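Residues per chain are reported as follows:
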Amino acid sequence: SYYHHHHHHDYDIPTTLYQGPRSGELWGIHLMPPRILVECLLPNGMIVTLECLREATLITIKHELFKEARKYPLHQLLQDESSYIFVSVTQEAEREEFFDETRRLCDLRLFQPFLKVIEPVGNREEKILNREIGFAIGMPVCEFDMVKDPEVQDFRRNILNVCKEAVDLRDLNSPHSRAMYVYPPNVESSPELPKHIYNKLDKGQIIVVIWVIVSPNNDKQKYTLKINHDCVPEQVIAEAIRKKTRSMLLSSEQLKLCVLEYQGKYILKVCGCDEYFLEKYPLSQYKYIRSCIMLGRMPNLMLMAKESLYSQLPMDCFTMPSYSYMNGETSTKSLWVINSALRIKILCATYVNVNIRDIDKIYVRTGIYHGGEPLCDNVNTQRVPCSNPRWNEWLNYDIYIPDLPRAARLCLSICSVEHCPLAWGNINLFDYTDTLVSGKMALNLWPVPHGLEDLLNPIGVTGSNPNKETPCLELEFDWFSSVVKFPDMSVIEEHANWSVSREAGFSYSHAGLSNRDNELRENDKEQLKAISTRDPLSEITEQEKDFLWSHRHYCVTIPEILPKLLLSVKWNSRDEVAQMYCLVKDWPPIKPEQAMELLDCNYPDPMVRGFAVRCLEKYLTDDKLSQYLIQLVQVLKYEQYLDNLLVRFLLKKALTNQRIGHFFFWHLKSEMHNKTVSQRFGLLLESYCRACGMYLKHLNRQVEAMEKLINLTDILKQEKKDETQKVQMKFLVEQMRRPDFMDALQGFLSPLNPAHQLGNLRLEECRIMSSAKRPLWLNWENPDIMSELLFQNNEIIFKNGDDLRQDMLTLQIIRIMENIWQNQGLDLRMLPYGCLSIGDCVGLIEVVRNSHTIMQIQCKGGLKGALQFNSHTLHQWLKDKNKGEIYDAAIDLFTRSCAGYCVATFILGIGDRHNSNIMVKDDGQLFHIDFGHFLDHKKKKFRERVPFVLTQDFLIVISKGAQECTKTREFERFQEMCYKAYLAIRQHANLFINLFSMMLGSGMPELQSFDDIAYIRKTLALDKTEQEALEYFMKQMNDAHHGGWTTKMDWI
Amino acid sequence: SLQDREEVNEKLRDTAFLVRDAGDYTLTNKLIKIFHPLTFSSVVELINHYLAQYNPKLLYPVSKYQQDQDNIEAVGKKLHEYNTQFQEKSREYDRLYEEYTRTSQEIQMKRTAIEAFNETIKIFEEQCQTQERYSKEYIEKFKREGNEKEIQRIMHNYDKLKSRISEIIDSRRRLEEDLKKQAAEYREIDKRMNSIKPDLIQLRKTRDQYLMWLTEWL
Ligand SMILES: Nc1ccc2[nH]c(C(F)(F)F)nc2c1
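Residue numbers (the working numbering), protein chains in the order written: chain V, 1 to 1052; chain Y, 1053 to 1270.
Hints may contain errors.
Unchecked claim - Below, a list of computed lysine to any residue pairs in the SDA-like style, where the Cα atoms sit at most 20 Å apart:
#: 1; chain 1: Y; residue 1: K1082; chain 2: Y; residue 2: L1111
#: 2; chain 1: V; residue 1: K941; chain 2: Y; residue 2: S1053
#: 3; chain 1: V; residue 1: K127; chain 2: V; residue 2: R95
#: 4; chain 1: V; residue 1: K939; chain 2: Y; residue 2: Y1134
#: 5; chain 1: V; residue 1: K730; chain 2: V; residue 2: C766
#: 6; chain 1: V; residue 1: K570; chain 2: Y; residue 2: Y1106
#: 7; chain 1: V; residue 1: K939; chain 2: Y; residue 2: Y1262
#: 8; chain 1: V; residue 1: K570; chain 2: V; residue 2: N602
#: 9; chain 1: V; residue 1: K860; chain 2: V; residue 2: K921
#: 10; chain 1: Y; residue 1: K1109; chain 2: V; residue 2: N515
#: 11; chain 1: Y; residue 1: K1116; chain 2: Y; residue 2: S1053
#: 12; chain 1: V; residue 1: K244; chain 2: V; residue 2: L257
#: 13; chain 1: V; residue 1: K525; chain 2: Y; residue 2: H1088
#: 14; chain 1: Y; residue 1: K1109; chain 2: V; residue 2: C376
#: 15; chain 1: Y; residue 1: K1233; chain 2: Y; residue 2: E1158
#: 16; chain 1: V; residue 1: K244; chain 2: V; residue 2: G264
#: 17; chain 1: V; residue 1: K468; chain 2: Y; residue 2: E1229
#: 18; chain 1: Y; residue 1: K1249; chain 2: V; residue 2: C376
#: 19; chain 1: Y; residue 1: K1249; chain 2: V; residue 2: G264
#: 20; chain 1: V; residue 1: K468; chain 2: Y; residue 2: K1233
#: 21; chain 1: Y; residue 1: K1232; chain 2: Y; residue 2: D1242
#: 22; chain 1: Y; residue 1: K1085; chain 2: V; residue 2: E539
#: 23; chain 1: V; residue 1: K345; chain 2: V; residue 2: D377
#: 24; chain 1: V; residue 1: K940; chain 2: Y; residue 2: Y1262
#: 25; chain 1: Y; residue 1: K1109; chain 2: V; residue 2: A511
#: 26; chain 1: Y; residue 1: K1129; chain 2: Y; residue 2: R1256
#: 27; chain 1: V; residue 1: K545; chain 2: Y; residue 2: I1086
#: 28; chain 1: V; residue 1: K960; chain 2: V; residue 2: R973
Unchecked claim - Reference listing, derived: stretches of chain V covered by chain Y, where coverage requires no fewer than 3 residues with Cβ under 8 Å from a Cβ of chain Y:
#: 29; stretch: 446-454
#: 30; stretch: 505-515
If you're looking for bench data, these hints aren't it; they were derived computationally from the structure.
Note that CB positions come from ideal geometry on N, CA and C, so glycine has one too.
Start from the sequences, fold in the hints, and give me the full structure.
Right, dumping it as C-alpha cells:
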C-alpha cells in the first residue's frame, strides 16, 4: 500500500558500476610479495632468474648474482662485479641506472621484475644525481632535455641567473649567512606588542630559562633570568653567562672579562625543536617567545655552541649543469608599422565527440582578449554539423594591429545548437620573445570541464593541451611579409609624449569632456579618493572609467587608486596604453596587500605586473611572504610566459630562505599531477632543487616517506576494505615493522613544520583512524636533545582521500584574521591547526592534543541511562578541568575563541557547524575542524546563512552556570567582541577579496569565477555603510539564534 | 522608473540590458549610471529611446513575466517536479564526470604503461642479440671437446628468452586493445554529456521560470 504497487524494473541490487580520486611497487600490484623472481640480464646474454627478497638491497642481489653466475655459462667473459651497475625500466617508463645500491628492490618502482647489468656510462656519475632531482620533482629530468620548445630550453638556461646569484648571497658572511638560509629567524612583522600581551609582563619583563650542557653532558642546567621583553639574544646570552660564572672568587671587573670572551661563542636555540634566534630582534618579536607569553609558558632556550651549529651546516656547492640593426631578426618590423586589422584563419577540427541526432549544428567561436575583451566576439559560420567539421574562413577582428596590447590573447571554443561549449583553448597573440605570432598553429583543446556554462572561457590557461588525444584545431595566423615585433620602450615613450602634447591643444568643445584641463575641481577631487577606497569587486561604471582616465595625472598623488585606473584604461587603444605605461614607469610604490591584486587574472600586462613585483621586492617582509606564499604560487599560472619577474622573485626568496623554500617546494609539488601547470612547475622545481643545496636530500626523505604512506593507504582503501579494523590494524603494524618502512618513515622532518624532527616511530601509538578514507595517525619520537621541554612525541595525521587544499585556504584566512585582530587590540584566540596538501587529494593534518568534539564531551558526561543528553555536560566537563582562579580564565578563553569563530564562519560562509565539527580543549579553547565547502557552494541547490549557530550548550559556558543566559552581561561582552571583530575584518576587506581572487588559478570548484567570491561582499556588506553592516550582522545573528541580538553602540 | 548587483550579474550570465538600483539607478558586464532624476523624458522614456550618440566606444530588454509556457498551489509542485528532473539530471551529469575523470587518468596510465612495455621489450630484443655475439664467438668448437656439455644448455637460455619476449608482446597487445575500447568509452561518455548539457541548461532555465513567476520541497 506504500508505493501504489509500482514496480521499479530498472533497479537491481547486484553491484547496483554504482561507493554509496585514485601505482605501487610493481605495475598493477601495490605490495610486491616477500620473495620474488627477478630476471637478471647480463653482458653474457644469459637471463638467470634469481629469487631475492622484496626488501633486499642491490648490494645483496649483486653479491649473490656474482656467486650464482659462477653456476651459468660464459663466466670468464663477465668482468669483476665492482666494474658493474644495474638498470631497468620504471613505471614512469624510463631506463633508470641504479647507482645508490644501498636502495632496496621495493623502492625502485620497477614495473616488471627484472634487472640488467651494464658499466658506468657517463663516468661523471656524480652528475647523474639528477636522479635525486627527478625523485624530488616527481618526473625525470631527462624528460626536459628532450623538449623542442625553445622557451623551455631558454627558461632552464636563463633561470640559473637567479640560482647562482642566490647561492653567492648565502656564502657572503659564512658560516653565519649559511645558517640564516638554513635556520632563518621566526619573527613577527611588528617589533612592538599589542597591549593585551604586554600586560602579562609587569612593565615589560619576561621570565626566561636558559639551559646549558657541559661534560659529562649527562646533566643540564636551568639559568632562570628575568629580562626585558625587548632585549636581544646577544644580551640574553650575556645575562645567562653572568649567572653561570658569578663567584666569590671573581670580582666585578674579572667577571665582565670572562663574560665578553664567552658571549660571542654562543647562540640561542628553542628547546625541543630546530628553531634558532640568530639576529638582532627583540626576544618577543620571535614567535616562540610571543607564544610562550600568551600560553602562560616560561621560554626554554638553550646555549648552543656556535662550533656545534656551524658543525651541522654542510657546504651547498652549486654547479651549473650541461645546459651551460645587428641580427638576423633585423627587428624586421615594429608592430605599429603594420597596416591592416587583425584577421585569423580557422580551418579544421580533427574530431569532436557529439551526437549527430541530439545536437543540431556546431561552430568555432573566437574573440581577442586581455582578461576582459577588446572587441566584438567573432563567431565562425556553421559547417558540416556534428560530422567531420572543417571550415576554411578568415574572421576579421575590428582592432588595428598596432592597437593590440602586449598581453593580447586569442580565446576560442567550439559550441553547439540552445548553445553550449564542447571544447576550448587560448593562444598568446605575442610569443615570449615579443614577436607577434605568424604561420600555422595546432591548438589541442581542453574540456570545459565542469560547471562553466559560459561559451568561451578566457580565465582559463593559455597554450595547447599536452594530451594529443583531444579535439585538435588547426589555424593560420596572418603573415605580414616579414617577422613582426612589439615596439621598444623608446618607441612607446615617444608616442606617449606625442599624444600628451596632442591633448594640450585640443578645442574648447569635445563631446563636453567625454574622455577628458588643470582646473582641479574640488567636488571631483574628493570623488577620486571615494572610489580609491572601494573593494576590488565593486564594479565600476564607464562614466567613472572616463572620470578616472581623464585625471590620470592627478591619480599619481593617490598611488592606492592604480588598480581602479588600470581597469579604466582602454587596452584596445595604443594611445591610452602608451601613456599608462609611462605612468606605471614613474608610479610610486603601494602596499604589498594591494600590489597582489595586480598579479591576479585581471592584470596581465607585463609592465603592470613588473611594478607589482617591485612593490613586493621593496615592501613585503619574508614573514608576510610566507603568509601569502600560496597565492603567489597560484598566480604563476596566470603569467603568460615561463620566464618572468614574479618567478624570479619567488625562486630567489626560496633560495634565500629555507623556510620559504620548503613550502615553495611542496606547494609546486602538490599541484604537479595537474598536467596544465605540470611543465611550468616542474622546470621551476628543477631549478630550485638544483640550487637549494643539501635540503634536496631532506626533501627526498620527505618525498620517499610520503610515497610509502600513499602506497600503504591505497592498499587499505582498495582490497583491505571490507575487513574488520582489527584485521586492517594487524596489516598496518606488520607493514610498519618491515625494514623498508623503518628506513623510510623514521629519520626525517615533518613537512607541516620542518623545524620539528621526526625520529623513531612509536608503533605502539600508531593507528588507522575511524574515518572511511583510512587516515593514518602517526607518532614519532622527538629526537631533539631537549625533547622534555616541548613534546616527547610528535604526532600528525596523513589522509589519503580528501582534497585538503580548501581547508588549507580557510585555515590560512583564519590565521590572517587572528593576526588582523591581535595587532588591532582584539584578542580572539583562533586555532588554525596545520594542514598541507602534498599531492592529488593527499595531505597532512596536525593533531591538537587534549581536544575533543562536543559529541565526545557529551558521551563522557552523558548519564548511563540512555534517555537524552543534558546541555550542561559541556559546562560541567569544562569546570572539572578548570578549577579555582583558573576557571574564570578558561571561560574568558572559550568566550573569546567562540566569538572569533562565530564571526569568521559567518563571513567565510563555511559548512554548517554541528557537534562533530566543533572541538574543545581542556584549557577551554573552542575551534572548528573539517570546514568543507567554504563560500557557500551548498546554495547551488536552492539566503546568507549563519553556519555557527550557538546552541544552548555554548551559551551556558559563555554565561557561567546560568538561567536565561541571553540576558547576562557575560553574553553582552561576548556580543561586543563579535561587533568589534566583524568590523575589524570588514575594515581590512580588500586583502580577503584579493586573496580569494588570486586563488581562482587553482582547480577548486568553490572558486570558479569572481561571482563565487561575491558572497564575501554580501556578508561583510560593503555596498552598505558600516553602521548598516553592523545592523545587518546583528539582524542575521538575531535571525539564526531566535532572538538575543537587539543592541546599540556608543562609539562611531 | 515606473515599477509596473550580485544577482544582476548572475542573471546577465549566458546573454550575448537591464535597469537596477544604486546617482540613484544603473543600466547594466558594461555598467551605465542613470546619473548620466532632473532631466527631459521622465526616466522611462530615456530607456525606450535606445548608443554612439555621446560615448565614442558604443535591442534585448529582460523582464519577461514567464507565463509563456494560474494557481499558486499547483505551480508550487511544477517546481518540485522540474527541480527533481533538474537535480536527477544534475546527479547524472556529474556522475559521468567521475567516469570522464577516472577513465582519462586510466587512459594516460595505459600509454605510459605501454611506453614501459615498449622500452622493456627493446632490452629483451637487445639481450637475445647479446648472446649471438658471445655464444657464436665460442661456437668455434661445434661438435668435439667432450661432446656438447656447453652448447646444449646455451640453447635452453635462448629458448626461454625468446618465449619470454613472446609473453611480453602478448601482454602489451592485450593492454593496447584494452586502451582502444577505453578510448571509445571515453569518447562515448563525452558524447552523452554534450547532449545532456543544453537539456540541463534549459531545465535550469525553465526551473527559473516557475521560480520567478511565484515571486519546503527542495
Ligand atoms: N629582517 C629582514 C627581512 C627581509 C630582508 N630582506 C633582506 C635582503 F637584504 F633583501 F636580502 N634583508 C632582510 C632583512
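Going through the hints against the structure:
1. Y/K1082 / Y/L1111: Holds, because 15 Å separates the two Cα atoms, which is no more than 20 Å.
2. V/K941 / Y/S1053: Given that 20 Å is the threshold and the Cα spacing comes to 33 Å, the pair is violated.
3. V/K127 / V/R95: holds, 16 Å
4. V/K939 / Y/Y1134: With Cα atoms ~17 Å apart, V/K939 and Y/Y1134 stay inside 20 Å; holds.
5. V/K730 / V/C766: The given pair, whose Cα atoms are some 12 Å apart, holds under the 20 Å limit.
6. V/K570 / Y/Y1106: holds, 17 Å
7. V/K939 / Y/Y1262: Satisfied, since the Cα-Cα distance of roughly 18 Å is no more than 20 Å.
8. V/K570 / V/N602: Holds. V/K570 to V/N602 sits at ~13 Å (cutoff 20 Å).
9. V/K860 / V/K921: Holds, at about 15 Å.
10. Y/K1109 / V/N515: holds, 11 Å
11. Y/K1116 / Y/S1053: Answer holds: Y/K1116 to Y/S1053 is near 17 Å, not above 20 Å.
12. V/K244 / V/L257: holds, 14 Å
13. V/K525 / Y/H1088: The given pair, whose Cα atoms are some 19 Å apart, holds under the 20 Å limit.
14. Y/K1109 / V/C376: Distance of about 12 Å is within 20 Å: holds.
15. Y/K1233 / Y/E1158: holds, 12 Å
16. V/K244 / V/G264: Between V/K244 and V/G264 the Cα gap is close to 15 Å, so the pair holds against 20 Å.
17. V/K468 / Y/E1229: Given that 20 Å is the threshold and the Cα spacing comes to 19 Å, the pair holds.
18. Y/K1249 / V/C376: Violated, at about 25 Å.
19. Y/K1249 / V/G264: Not satisfied, since the Cα-Cα distance of roughly 72 Å exceeds 20 Å.
20. V/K468 / Y/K1233: Between V/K468 and Y/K1233 the Cα gap is close to 18 Å, so the pair holds against 20 Å.
21. Y/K1232 / Y/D1242: holds, 16 Å
22. Y/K1085 / V/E539: Given that 20 Å is the threshold and the Cα spacing comes to 11 Å, the pair holds.
23. V/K345 / V/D377: Holds: V/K345 and V/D377 sit about 15 Å apart, inside 20 Å.
24. V/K940 / Y/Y1262: holds, 17 Å
25. Y/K1109 / V/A511: holds, 13 Å
26. Y/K1129 / Y/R1256: Roughly 15 Å separates the two Cα atoms, so the pair holds.
27. V/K545 / Y/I1086: Judged against 20 Å, a Cα distance of about 15 Å means the pair holds.
28. V/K960 / V/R973: With a Cα-Cα distance of about 13 Å, the restraint between V/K960 and V/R973 holds, given a limit of 20 Å.
29. 446-454: holds (count 5)
30. 505-515: holds (count 3)
Consistency with the previously given hints fails for numbers 2, 18 and 19, ordered from lowest to highest.
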